[PDB]
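Next up: just one chain, as structure tokens, the form deposited without the partner chain.
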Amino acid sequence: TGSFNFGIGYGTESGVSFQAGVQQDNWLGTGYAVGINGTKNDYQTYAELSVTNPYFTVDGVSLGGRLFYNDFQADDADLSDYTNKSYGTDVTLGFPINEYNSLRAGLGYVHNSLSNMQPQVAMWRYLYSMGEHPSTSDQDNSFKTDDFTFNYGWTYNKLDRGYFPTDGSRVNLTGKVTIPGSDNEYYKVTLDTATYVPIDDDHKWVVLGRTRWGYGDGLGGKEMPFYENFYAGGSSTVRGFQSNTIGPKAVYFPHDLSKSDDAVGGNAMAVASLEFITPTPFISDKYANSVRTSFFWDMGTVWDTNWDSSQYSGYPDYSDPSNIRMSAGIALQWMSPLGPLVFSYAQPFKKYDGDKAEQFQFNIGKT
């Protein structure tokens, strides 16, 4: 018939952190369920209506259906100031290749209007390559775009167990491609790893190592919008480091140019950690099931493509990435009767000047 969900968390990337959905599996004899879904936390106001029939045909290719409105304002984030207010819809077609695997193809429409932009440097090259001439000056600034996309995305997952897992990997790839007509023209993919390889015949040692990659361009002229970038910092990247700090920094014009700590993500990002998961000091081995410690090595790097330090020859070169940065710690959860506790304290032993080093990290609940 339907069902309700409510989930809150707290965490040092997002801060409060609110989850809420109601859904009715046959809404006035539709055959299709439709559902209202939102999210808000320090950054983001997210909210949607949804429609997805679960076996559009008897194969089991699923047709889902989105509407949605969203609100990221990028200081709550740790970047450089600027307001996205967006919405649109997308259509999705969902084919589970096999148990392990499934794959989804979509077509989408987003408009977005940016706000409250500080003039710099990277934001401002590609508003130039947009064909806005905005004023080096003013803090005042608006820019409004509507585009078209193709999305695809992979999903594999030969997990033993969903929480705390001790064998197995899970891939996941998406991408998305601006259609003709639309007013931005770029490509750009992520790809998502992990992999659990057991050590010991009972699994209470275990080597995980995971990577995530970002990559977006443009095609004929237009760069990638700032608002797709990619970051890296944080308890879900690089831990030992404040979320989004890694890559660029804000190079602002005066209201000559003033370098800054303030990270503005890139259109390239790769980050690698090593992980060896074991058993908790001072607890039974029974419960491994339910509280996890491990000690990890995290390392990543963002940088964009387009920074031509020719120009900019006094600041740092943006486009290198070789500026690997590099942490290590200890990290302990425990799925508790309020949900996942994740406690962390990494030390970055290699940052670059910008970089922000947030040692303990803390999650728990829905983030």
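For the two forms, the rigid core is made up of the largest set of C-alpha atoms that agree within 1.5 Å on superposition. Numbering follows the first chain given and starts at 1. Compared with the form solved in complex with the partner chain:
With the core held fixed by superposition, the comparison between these two forms singles out 285 as the only member of 217, 71, 285, 76 whose CA moves by at least 2 angstroms. Relative to the superposed core, residue 338 undergoes a Cα shift of 2 Å or more between these two forms. With the core held fixed, the Cα of residue 38 is displaced between these two forms by less than 2 Å. With a cut-off of 2 Å and the rigid core superposed, residue 309 has a Cα displacement that falls short of the cut-off between these two forms.
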Given for the second form:
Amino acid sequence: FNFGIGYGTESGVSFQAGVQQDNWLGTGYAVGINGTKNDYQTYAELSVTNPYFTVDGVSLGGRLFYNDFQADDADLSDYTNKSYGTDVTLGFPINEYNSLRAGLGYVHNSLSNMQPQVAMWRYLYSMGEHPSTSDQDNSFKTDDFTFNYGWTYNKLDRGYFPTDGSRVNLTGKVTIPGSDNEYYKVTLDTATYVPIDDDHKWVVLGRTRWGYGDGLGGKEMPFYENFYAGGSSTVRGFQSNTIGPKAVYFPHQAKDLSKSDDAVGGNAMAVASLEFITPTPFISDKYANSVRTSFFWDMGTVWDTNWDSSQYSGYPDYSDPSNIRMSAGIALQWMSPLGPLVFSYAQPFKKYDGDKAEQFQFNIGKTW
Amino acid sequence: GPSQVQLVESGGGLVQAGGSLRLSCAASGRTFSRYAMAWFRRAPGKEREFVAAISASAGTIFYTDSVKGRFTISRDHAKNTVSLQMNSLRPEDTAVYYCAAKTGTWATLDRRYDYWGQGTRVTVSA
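Having seen the form deposited without the partner chain, could you now give me the structure of the form solved in complex with the partner chain?
Time for the whole complex; same chain goes first.
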């Protein structure tokens, strides 16, 4: 039973515990139970995998999970999403640097505590529901079935502090007819290290992250699948999830709407980053593999392709993709004897109304 | 000092129908986290209802239609201190006004807030 604890600006205090047993009872199958807790998320799963579905090396694995998400604690317009479901996925190895995934999933979503807002209600209207705009004490449940696929490319020279090679992850999903929702969702992550000097102490890192999803036949993608940008892992110098559309709230009685700086996310995202890794200035004793220093330029955007700017002239056009946030700063990573250490200082030099600045960001971790 | 987060309401009292009152609320002790803060109220016969909220950044302000246009919620320059300026009051504003705090985004439901104050009485005479 292995644990882990962490503390950072993006998710607060993280707790992790799990255990893995292979060849369970001499049957070939592997079993595991894993759980994670955030300031905004509690997650737990149970998996049973067969690495010999075919002699060719194809694996057939199952998953049973529950997830509780409290959007207010992630700094989004308030709502609660308690979900659970199952997943069956095949994994195909292609070569040393490539692998594929194909699977089917079921997921139930229980939504509650939705503070009425325009974009969120636009999705609900597309689902035939007509909840009041004056009551946060509401409820909406869905049951979906999905096809899931993924591709992983990885040819790095080493896992920790890579100096050369690229990493690419592609994931996609789409609902199967008969589900409640009708939509698709795709994401692309890339990272490319290029060494400048012969000794690989000066390195250029280029990272990209893309996401796009949309509904089918009148329906929209559910707001609880939105993408988010801003924070330590996307655009440093911005508070986690602040980048993109902000909530437009309905009035409360027990066309007059309220502006806000509460992020909500969007169904389209584009994030890029250029990082210049250098040797640490006074720590170059020739055994400096424990620290990595870099300067970076981050940028990203998140928009709502279904925002109807004409009906909401008094409020920004949240469908425009061109409001590109940008930042620049410094970062230090350290494999210290107390655990992994990462911190950065960044300044946003391109902001938009409502965006929340967070110049200093860090993450601390311990594994036992 | 206190053994937990404490919210202390100040202001309030007796005012004429068309008068004004300024309430305040402050998180006692030392809190290193920024809180969204809100005002609720419970009338003599009715149940506890929402009045106004303001985000931690103060960028989001929200009122119930009853008091919209008459009340004004604002964050003080100090840590986690909010005020509620109530103008053109009315006998239907009489109630115990409670202060509520919350880390993360604001909300209208009382169960979403993590800390509450003891409340202050507000009385409006016809």
